[PDB]
Amino acid sequence: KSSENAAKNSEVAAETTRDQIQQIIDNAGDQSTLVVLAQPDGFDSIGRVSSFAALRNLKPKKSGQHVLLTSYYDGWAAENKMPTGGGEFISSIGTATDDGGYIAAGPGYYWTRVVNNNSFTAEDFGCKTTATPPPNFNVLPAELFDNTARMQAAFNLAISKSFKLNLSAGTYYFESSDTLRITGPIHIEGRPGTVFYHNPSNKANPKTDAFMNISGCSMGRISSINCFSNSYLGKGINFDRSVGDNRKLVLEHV
Amino acid sequence: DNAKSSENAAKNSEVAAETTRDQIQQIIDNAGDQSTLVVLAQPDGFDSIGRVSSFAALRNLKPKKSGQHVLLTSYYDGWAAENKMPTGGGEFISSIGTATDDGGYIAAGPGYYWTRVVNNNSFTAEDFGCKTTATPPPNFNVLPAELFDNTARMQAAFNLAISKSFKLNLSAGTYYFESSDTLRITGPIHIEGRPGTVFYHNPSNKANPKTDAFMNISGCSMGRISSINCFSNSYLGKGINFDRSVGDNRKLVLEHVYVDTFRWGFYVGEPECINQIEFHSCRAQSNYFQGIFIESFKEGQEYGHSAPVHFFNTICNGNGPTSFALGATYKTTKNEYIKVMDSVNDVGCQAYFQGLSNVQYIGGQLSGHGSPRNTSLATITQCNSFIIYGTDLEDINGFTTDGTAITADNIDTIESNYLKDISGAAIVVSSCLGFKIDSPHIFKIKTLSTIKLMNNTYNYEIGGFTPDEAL
Amino acid sequence: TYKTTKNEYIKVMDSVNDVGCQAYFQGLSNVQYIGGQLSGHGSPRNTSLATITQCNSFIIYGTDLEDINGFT
Amino acid sequence: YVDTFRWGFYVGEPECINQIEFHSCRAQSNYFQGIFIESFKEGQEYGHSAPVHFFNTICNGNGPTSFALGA
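Chains as they are written, first to last, in the deposited numbering: chain F, 155 to 408; chain E, 152 to 622; chain P, 480 to 551; chain D, 409 to 479.
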């Protein structure tokens, strides 16, 4: 009775408000999409670049544009992981040397990363991690992607711009005839579980060739890395004077 | 009665519809004559993008398709009424399927979930719903102003940091804990606090308030924990307990970790669980019995040890029962009363080392400010190669194991009746091979001697410390 | 014998009389070894745990030393 | 690192550096001293700060050179 009267008035008022919303949304001919953007999930309406190669092929109308990169490689959703290596980029008109990390160059333009807190991760350069193998003798990890050239680009950027390099847990696989070089002062910070795994198969002298060479790294800091090879071949870290003295380098949990 | 109950739900639907209409009207009014692109173009256009208000709202937000990115302003809403800024927010990505809810990393609903986007392999505790508050003074029974228990959310945060190997960042302020469960680290981890980070522990809900550990560390090989200040203001419980329930803490490093006003600051009570551990710049202060308590095995038990153990620039100060503590009674939040003392003859010491090997105490300090009842400053039993490099030792108030005060008047009597007692010096060494001390400055020692040797300590070596300080 | 990813084989050993040690120091000065450990767990063939040659001022502070399997 | 001042690290009163720590620091090419710690001067009340820890710190090339004296 009395409850029913208010319950039916509620239906009438709700329908009138529905008609009012219909009317105002129809009247707002050119502004109705602002209602779409203001919803709690409105940020999804903004577009973003899918991978670093797509970013290389993206032609900017004018210098100074800002864009979002979701991840370095696409296809993380089909697998069971999260995007990685993404960020924000700014366009410039001109020529610059492609880096694979910092700078994505195309024909007559390029894009540069916005770096926060003077630090970046190795995933930003296309490095991949996998499951850590056991320490048994001739045992290799399950997935074999060689990180040597991409990790050397990351080291070069960290030495040149004096950013800190951050490394994620997992194993990075290395199998190349070149040795990984550190050529000036650098900050490197890993996580418990960061592993560098070295396969000496492509080396010219597997018995004596160094995996990592460090030289000229004054006042640098390297921390929380675990290198192993499971081979009984090679040098693990070779300290050198090809660039200069490592005057006050600090190694901690290596 | 069903009609009267559903009337309120109908009115709630009415109010929600009217408020919706009001938001659309507000948007259209603010937009004005200008087109959508122009509005976006305006220097403040970023405000026209919708955001989730809180983590619960995100749990209720149903994604149309997997792969959407959304923004979360803060973990809790209402920060603007309070005079503080949002915290705990970020970006989330949707997935269609089932996953175990977390309260942090993953917000799960029926048939969908949202996953947080983590930057630089690190995250904060606010991301998991933890709250801070103003720090209480160190007085005896003083609680912080507002009491929100952080135990289960901080436990979830530790689980994520161990599982995904992210670094856990903590903010200034006190995290309050009052729970019947002990906070466990079970794997390698990085924890980094700020100057001002405090963990306050309330033992009122513990089953054994006197002996139950606040925090438990096991298996933490290669971890690093820094810049945290744990205190409890109760003279009850263990501060941090190291176990082998998961494994050995094989090269764990602690820096700037302070533990105050528990019953024992740092506690170890079984063998082979602190091999190669490091304490840098740590502190244990005003605990009831000991600041550091290491005891690999008890008497009659199978022999065992952990080795080596390293202390660098660590200071233990004020540990041991004072007269106030002896007479004090703790009042719980359930209005219980717990007597702090065990007996009226209680004594303690600053540090206690038993059953270890290759121990180094470099620098640092061991002092007795505030006049607690101590048998010694350090007590060393059944160790091999304990070495002391330049450690400041000062201000002991001397007692025997029985509780008898050691003054000048009775000094001779003590020497006759307590010869075999493990007490009566600033440093007591008992059954220790390879003991060594260089020449630190020692002063204000109210005890029979500065160093005491007993129980087959047979190749010791004593450098020249400050002479004529004892009785 | 190590098997490479190109199906090559490499003899791990150099000679059937190979010996090693844990740490080798030659031609240094003012060296401090504070704490730590040097140990032969797993029974490798060692001439020593630590070999020090042609140095000025090598100092060891409390290092743990254990478990050597002696060879010339 | 502190270089080419008159003093690099200066302390001139008691009870202000209790338990301070220097790791891997440098004082180089200052005019008088690299590290200068002085709790009290002559005729002043006794005081001190304690303990004080240096770990792998270097003081190199401090003091007045002939060029510095003529500069």
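Check each hint, because a few of them may be wrong.
The following label-pair restraints were derived from C-beta to C-beta distances [claimed, not checked]:
#: 1; chain 1: F; residue 1: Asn-290; chain 2: P; residue 2: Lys-490; range: 10 to 20 Å
#: 2; chain 1: F; residue 1: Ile-175; chain 2: E; residue 2: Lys-485; range: 45 to 55 Å
#: 3; chain 1: F; residue 1: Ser-217; chain 2: E; residue 2: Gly-183; range: 54 to 64 Å
Quick look at which bits of chain E chain F covers, simulated, 3 or more residues with Cβ under 8 Å [to be verified]:
#: 4; region: 207-220
#: 5; region: 330-342
#: 6; region: 479-488
No lab work stands behind these hints: they were computed from the structure. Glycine is no exception: its CB is placed at the ideal position from the N, C-alpha and C atoms.
Results of checking the hints against the structure:
| no. | hint | result |
| --- | --- | --- |
| 1 | F/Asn-290 / P/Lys-490: 10 to 20 Å | 19 Å, holds |
| 2 | F/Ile-175 / E/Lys-485: 45 to 55 Å | 53 Å, holds |
| 3 | F/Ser-217 / E/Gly-183: 54 to 64 Å | 31 Å, violated |
| 4 | 207-220 | holds (count 7) |
| 5 | 330-342 | holds (count 3) |
| 6 | 479-488 | violated (count 0) |
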